[PDB]
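Undergrad: Here is how the chains run, residue by residue.
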Amino acid sequence: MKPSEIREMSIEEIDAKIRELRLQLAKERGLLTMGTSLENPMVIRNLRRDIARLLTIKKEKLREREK
Amino acid sequence: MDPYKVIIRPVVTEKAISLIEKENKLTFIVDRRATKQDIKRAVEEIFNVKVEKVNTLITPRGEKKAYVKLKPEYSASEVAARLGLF
Amino acid sequence: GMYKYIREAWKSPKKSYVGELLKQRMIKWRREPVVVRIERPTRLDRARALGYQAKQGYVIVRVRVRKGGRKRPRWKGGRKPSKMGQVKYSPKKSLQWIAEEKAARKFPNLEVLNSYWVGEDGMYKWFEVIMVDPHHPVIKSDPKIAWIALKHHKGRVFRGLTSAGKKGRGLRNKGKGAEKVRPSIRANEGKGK
Amino acid sequence: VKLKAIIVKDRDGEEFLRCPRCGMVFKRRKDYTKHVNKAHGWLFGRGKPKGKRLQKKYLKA
Amino acid sequence: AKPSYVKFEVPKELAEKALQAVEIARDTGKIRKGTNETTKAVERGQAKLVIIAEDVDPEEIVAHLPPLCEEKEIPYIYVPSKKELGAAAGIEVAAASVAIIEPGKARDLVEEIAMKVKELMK
Amino acid sequence: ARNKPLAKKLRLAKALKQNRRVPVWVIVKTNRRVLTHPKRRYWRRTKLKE
RNA sequence: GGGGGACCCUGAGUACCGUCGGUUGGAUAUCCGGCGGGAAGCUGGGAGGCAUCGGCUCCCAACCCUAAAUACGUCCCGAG
RNA sequence: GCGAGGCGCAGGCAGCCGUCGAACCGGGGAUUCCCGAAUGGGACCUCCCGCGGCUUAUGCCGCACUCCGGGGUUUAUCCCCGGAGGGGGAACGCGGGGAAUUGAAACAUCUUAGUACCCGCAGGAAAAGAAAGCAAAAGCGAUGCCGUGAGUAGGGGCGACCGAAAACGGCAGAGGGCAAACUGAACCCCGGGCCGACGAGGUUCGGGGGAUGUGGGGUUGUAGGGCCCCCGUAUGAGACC
Ligand SMILES: [Zn+2]
Numbered sequence: 001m002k003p004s005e006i007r008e009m010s011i012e013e014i015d016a017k018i019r020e021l022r023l024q025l026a027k028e029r030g031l032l033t034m035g036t037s038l039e040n041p042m043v044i045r046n047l048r049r050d051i052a053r054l055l056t057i058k059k060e061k062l063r064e065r066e067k
Numbered sequence: 001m002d003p004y005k006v007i008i009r010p011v012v013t014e015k016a017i018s019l020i021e022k023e024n025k026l027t028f029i030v031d032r033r034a035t036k037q038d039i040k041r042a043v044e045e046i047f048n049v050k051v052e053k054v055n056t057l058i059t060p061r062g063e064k065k066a067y068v069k070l071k072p073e074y075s076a077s078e079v080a081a082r083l084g085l086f
Numbered sequence: 002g003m004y005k006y007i008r009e010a011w012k013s014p015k016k017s018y019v020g021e022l023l024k025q026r027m028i029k030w031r032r033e034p035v036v037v038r039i040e041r042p043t044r045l046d047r048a049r050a051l052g053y054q055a056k057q058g059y060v061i062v063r064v065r066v067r068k069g070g071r072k073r074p075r076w077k078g079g080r081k082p083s084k085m086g087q088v089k090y091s092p093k094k095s096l097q098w099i100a101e102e103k104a105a106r107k108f109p110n111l112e113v114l115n116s117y118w119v120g121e122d123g124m125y126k127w128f129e130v131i132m133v134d135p136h137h138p139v140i141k142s143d144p145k146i147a148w149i150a151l152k153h154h155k156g157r158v159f160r161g162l163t164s165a166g167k168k169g170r171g172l173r174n175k176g177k178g179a180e181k182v183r184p185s186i187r188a189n190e191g192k193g194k
Numbered sequence: 002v003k004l005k006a007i008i009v010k011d012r013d014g015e016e017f018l019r020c021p022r023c024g025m026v027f028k029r030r031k032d033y034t035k036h037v038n039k040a041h042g043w044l045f046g047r048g049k050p051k052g053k054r055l056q057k058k059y060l061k062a
Numbered sequence: 002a003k004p005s006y007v008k009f010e011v012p013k014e015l016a017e018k019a020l021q022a023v024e025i026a027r028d029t030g031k032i033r034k035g036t037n038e039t040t041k042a043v044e045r046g047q048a049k050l051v052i053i054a055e056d057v058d059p060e061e062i063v064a065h066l067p068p069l070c071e072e073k074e075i076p077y078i079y080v081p082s083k084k085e086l087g088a089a090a091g092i093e094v095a096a097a098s099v100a101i102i103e104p105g106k107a108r109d110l111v112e113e114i115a116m117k118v119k120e121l122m123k
Numbered sequence: 002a003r004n005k006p007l008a009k010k011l012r013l014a015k016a017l018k019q020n021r022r023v024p025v026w027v028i029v030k031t032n033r034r035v036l037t038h039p040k041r042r043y044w045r046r047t048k049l050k051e
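Protein chains in written order, with the entry's author numbering: chain BW, 1 to 67; chain BT, 1 to 86; chain BN, 2 to 194; chain Bk, 2 to 62; chain BF, 2 to 123; chain Bf, 2 to 51.
Honestly, the hints are just simulated from the structure, not real lab data.
Careful: at least some of the hints might be erroneous.
Negatives, chain BF to chain BN, calculated, CB over 10 Å [unchecked claim]:
(1) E44
(2) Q47
(3) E72
(4) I92
Not the full set, but computed from the structure, chain BN residues with beta-carbon under 8 Å of chain Bk [as the list claims (entries may be wrong)]:
(5) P135
(6) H137
(7) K141
(8) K152
(9) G156
Mimicking DSS-like on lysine-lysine, the simulated pairs with C-alpha atoms at most 27 Å apart in a straight line are [said to hold, decoys possible]:
(10) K177(BN) with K10(Bk)
(11) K5(BN) with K13(BF)
(12) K9(Bf) with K36(BT)
Quick reminder that beta carbons are idealized off the backbone N, C-alpha and C, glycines included.
Model the full assembly from the supplied sequences, consistent with the hints where possible.
TA: Rendered as structure tokens:
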């Protein structure tokens, strides 16, 4: 997920996306120990960095709105 | 603590699997800085279920584990299948 | 005007009303803390000469110090006869300098500017110390004293930059006899005093 | 001789103007201008140096 | 408790009379307000009446005024409060001493005060 | 001991996690130059600094 | 911006003396501190390696600030 | 910026990132757990326990000691507002306290030595600095550092040993401000308003200081300044923001 599309969406659905991504991160972390048939080992890293991106642009939007 | 920032990962061990089917109980590895009230709120709000009891401990490896008992009206097996634990 | 009269009165305290006034004042002062802030200077002419002004940022602190010299602690290891002296010793800092240091300890955020002698009985000596707050806007705005607000002037009393410190360092002598007092005591191997 | 103010910082990181000829520090531009004029006009002729020894030095130089 | 630089007791009525004399002189005549100014005036011999507060600490501020006024033959009186003296003189801060150079409309009042002080203790 | 404080327990847990062998994939990636680390420990022989 | 005055100001427990301890090449003639004593203050005062008197020369303490030339290298470029 | 590769030391498996310009490099932002000067209150374990306001609730902003400049009041330093100090730093710096081995072929004055070490206080440098000085046919003209003076003057059981400055040649060169006389609120700070350009500057109101003196003035020797008298100017020439 890229910042150009992140900036299109508002803060509310940014929060919703963060929630969903955290759910998925927990589920994938569980599956990691459950089974070894992991097609994509990098999913956890990609999800973590996507969540970090969402939080960063969320705070940027907050600063813009406050200013 | 934010309801979506308490759970780290489900437990998929033989003991956890047996408890899921026998005692209507889920097992999570959660943030060490989370209290029983936080764990209860997180589970209830995330999974749209009612939880009866929470028992927490700290493993010898420094992690925090939580056994959560669901009310009889809710089946832990359904939530386990939802999460893919099976 | 009045400053010359004050100076004349305080020239010799025992030859004017200042003698009785100081007797009563010392009776009062012996029952006060060692370091006590006061509202107005007692010797206005001396305070103004040393650089006191009537505006915010200036404070006056009276300090009581014990008279006499110092006694060295008993030595524990073996000592040679030349190193055993204990009682007949005097501090290398003047009692005025010691009192200024005590006032500085009591007030951490202020800087000692100067001080003057304000009386003494057979046991105690009293010094009135002028202290300046370098963070006050009035002090900053006054060019006469604003220099004190620069970083390299911190702990000036402790480092010996007051008038008493200069006297103790021997910087009031120049020419013959003052060869080891400049640029600093340590620069000459601590050999000038 | 150029007497443009130098910039120095306070304990609190606040501004001060320093005289290059004396080192005196001011916080007001009016005060700095008054100082430079009143205390160094003799260099430009609008005054006279203070002190017999300083006057001797200036005459020799 | 009274400081040693005072020499006689001034009745409250006389003190108030001195204060109102200072006020009238300020409004119409001429006064010098402040210890330095009054000392200079008395030394120059321009002072017709000196007023000194009774609560000056330290008292080195006005310890010279009584002897100097006695030497120069100038009447002086005491008042209770520095704040009241300064308010009468017409300033926003207390004044430890005041001098009256021109009584203005207070000539008779100043003469009465001088006579009363001379009788009392001079 | 039966009764332990949480901070000491956490430090002991960190040491326990530290005490493990070098990964075989790390060995092959490094070409057998890295075969051990200085934190290896035997409970009855080498005692914890605490 | 310069010439006159007949009036005013120019730093006190300070300068300084005696004594005691320390320090110094400072030697009866270094400097710091303690104890007792302690002035003139412009019609004035200090120094010129024992003390004092006279001459002569130099200076104005007991309040404050001051860049450059200087010291070092937890660091960097460069060299052997 | 660079231009097709990239995912640290670190040569693997599997994957993903990049042409919408990554990796990498310079600049600017965000996150930044707990202890620690550690600071709302406690530490036999870097973990725990509280009091007031806002917040619907999820949660937020304050609450340490020693002081400065103010306010209210409960006059208890009780509460509130603005502002300071604490700790760290390899060597260098400033101010104090201060040994012994050792040398003297023993040892006590002495030397080691104002050294090792200790206590306190600053900076990128610190300290000193503008003559109550040096010098005597002449003179110089603030301070610091370098060569030299010089192992000289001088100290010393005059033993062992210790030990300078002035002058001369160079680096760099810079001088200013108070107290007082005299005038006497003409003054400073904080928070608003306007004119000005958003700046310099000018101005108005409230509050805190200030006659126990804010501001102006003034800073020096066969003297300098004030004040008074006389002569002469500015219509011009600087300097700085
Ligand atoms: Zn200047």
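Undergrad: Indicate, hint by hint, whether the structure satisfies it.
TA: Structure-based check of each hint:
The Cβ of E44(BF) sits about 8 Å from the closest Cβ of chain BN, inside the 10 Å cut-off, so the non-interface label is violated. Distance check on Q47(BF): its Cβ is at least 14 Å (rounded) from any Cβ of chain BN, clearing the 10 Å threshold; non-interface status holds. Under the 10 Å C-beta cut-off, the non-interface status given to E72(BF) relative to chain BN holds; the minimum distance is some 12 Å. Interface exclusion of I92(BF) from chain BN stands, the closest Cβ pair being 14 Å apart, more than 10 Å.
For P135(BN), the shortest C-beta to C-beta distance to chain Bk is roughly 6 Å, which falls under 8 Å, so the interface hint holds. Checking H137(BN) against chain Bk by beta carbon gives a least distance of about 11 Å; that is not within 8 Å, so the hint is violated. Taking 8 Å as the C-beta cut-off, the interface hint given for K141(BN) holds, the closest approach to chain Bk being about 5 Å. Given hint, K152(BN) at the interface with chain Bk, holds; its Cβ is 6 Å from that chain's nearest Cβ, closer than 8 Å.
Among the interface hints, the one on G156(BN) is violated; its C-beta lies about 12 Å from the nearest C-beta in chain Bk, farther than the 8 Å criterion. For the proposed pair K177(BN) and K10(Bk), the alpha carbon gap of about 40 Å is over 27 Å, so the pair is violated. With a CA separation close to 33 Å, the supplied pair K5(BN) and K13(BF) exceeds the 27 Å bound. The hinted pair formed by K9(Bf) and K36(BT) meets the criterion: a straight-line CA distance of about 23 Å does not exceed 27 Å.
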